[PDB]
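Shown next as structure tokens: one chain only, the form solved without its partner chain.
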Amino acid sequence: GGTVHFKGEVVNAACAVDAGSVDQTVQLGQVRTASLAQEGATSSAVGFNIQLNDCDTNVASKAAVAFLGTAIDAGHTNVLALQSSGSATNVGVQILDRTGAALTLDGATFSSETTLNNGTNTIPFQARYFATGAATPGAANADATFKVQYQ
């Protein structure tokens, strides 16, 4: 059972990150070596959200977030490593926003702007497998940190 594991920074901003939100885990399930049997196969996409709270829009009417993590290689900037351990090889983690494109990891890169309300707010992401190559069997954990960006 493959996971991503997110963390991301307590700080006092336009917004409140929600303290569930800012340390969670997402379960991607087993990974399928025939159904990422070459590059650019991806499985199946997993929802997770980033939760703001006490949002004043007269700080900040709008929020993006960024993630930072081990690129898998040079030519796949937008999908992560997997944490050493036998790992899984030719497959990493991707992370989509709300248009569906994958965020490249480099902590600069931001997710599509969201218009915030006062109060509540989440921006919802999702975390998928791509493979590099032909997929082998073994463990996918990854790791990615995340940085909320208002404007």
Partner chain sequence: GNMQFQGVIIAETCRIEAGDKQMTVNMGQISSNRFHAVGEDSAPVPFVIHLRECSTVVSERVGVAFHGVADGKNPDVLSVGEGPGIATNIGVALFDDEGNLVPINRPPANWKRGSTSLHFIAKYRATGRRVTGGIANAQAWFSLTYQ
Contents of the next structure:
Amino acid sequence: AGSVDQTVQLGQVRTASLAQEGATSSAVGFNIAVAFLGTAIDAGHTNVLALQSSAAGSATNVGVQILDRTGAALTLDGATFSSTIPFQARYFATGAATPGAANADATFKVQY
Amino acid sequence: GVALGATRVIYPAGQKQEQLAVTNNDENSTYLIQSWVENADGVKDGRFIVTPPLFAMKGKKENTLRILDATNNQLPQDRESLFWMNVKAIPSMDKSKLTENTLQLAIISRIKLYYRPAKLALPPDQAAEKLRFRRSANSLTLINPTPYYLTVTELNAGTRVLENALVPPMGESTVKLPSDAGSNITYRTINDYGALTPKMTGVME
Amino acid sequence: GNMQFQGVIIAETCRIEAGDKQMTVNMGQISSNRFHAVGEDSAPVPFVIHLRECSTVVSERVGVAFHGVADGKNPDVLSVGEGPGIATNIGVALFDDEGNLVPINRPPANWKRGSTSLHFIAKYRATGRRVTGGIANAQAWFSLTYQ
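Which structure goes with the form solved in complex with its partner chain, now that we have seen the form solved without its partner chain?
Below, the chain from earlier opens the complete complex, with every other chain and molecule after it.
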């Protein structure tokens, strides 16, 4: 309830770790009845955040997932809800990921 | 085998150290990992320290090379300086082929180390577009007015594909130009992340 | 609240493996009497270097070379050593997939791309007048210089 905004570092990840659809990075815990809202990477992956593009060149074929205590990736429409409360985040590959910056945006309200 | 976690290291001036991953992915093999830094002419150079300079990796394991700044702030502050990172992977005793005469190889992986000064004016993404070209009957010269080393590739002159070129900051580089080379030039570059940049139309000087 | 996830995806170098475990190319046994003239070569021993887990952008552009102690009579071929029981007047010579000499200690070379495996051939080459038998081991570093 205190840290309203926070930056969760996912690390530096080499392309061969995200080389095919389904590939995942090392998850990274973070905490703070919760629905998450973000831009889907594409219409086949509503549970994956699109990366914000960079003038330096952003990475492709990869986005960011959010998982609750169940270990499942949460849907990102601000309507699907998950059951302090910890989470973890990670990269998800939709193809052969290419190099570049890989930052991602989300928000969350809370419901009782 | 052994691999490195980057095709290039951008050393931001003023920072104590930078990291470079080394990995071995074979549980049944052990490597000795020796690492050192050379200057642009390939000569062993001590203005950058690598620790550990020599260590073992037993089986599947990821280790971290630390690249420490030892320049004492003597490098130019208006342009990248070029160094080369060397990581030798020495294998071990293949007792299977003992009775045999053997050619035994070790692997050295060489990647660029760019000392990038602090308050550069032009952002790195805007470097590639500034490349300019000068053309002669059988040679083509690339002109880099930026402070950043430009690694130029997919260099095309008409139908004919030319050598890659490494164009120094505020310097030039020349490549050979066949007779059947065409007029219009396109190129790409390799950026800080190791990716290819968008195809660009070459602009005459 | 507002979430911000930060991170970076970077190109790695190629993870290097050989057709033979531990990068050990096993030459044959050395029959000193098969050499009749300096320069003649023994049988071809192929060896492959695989460029794994790297982007095609990286592997297409890498430049490679062989480094090692040259035979004292032929700068192009690897020395096989010197001393008791060590063969004399032969070195180890390297060739590409087409059987053309790849001289050691040269600047890095780019090859025809394609695939992600570098195919070479090793051969004993007579470097002197009177080949004598013994242990004929050579060593070399295989360097990859990445664009």
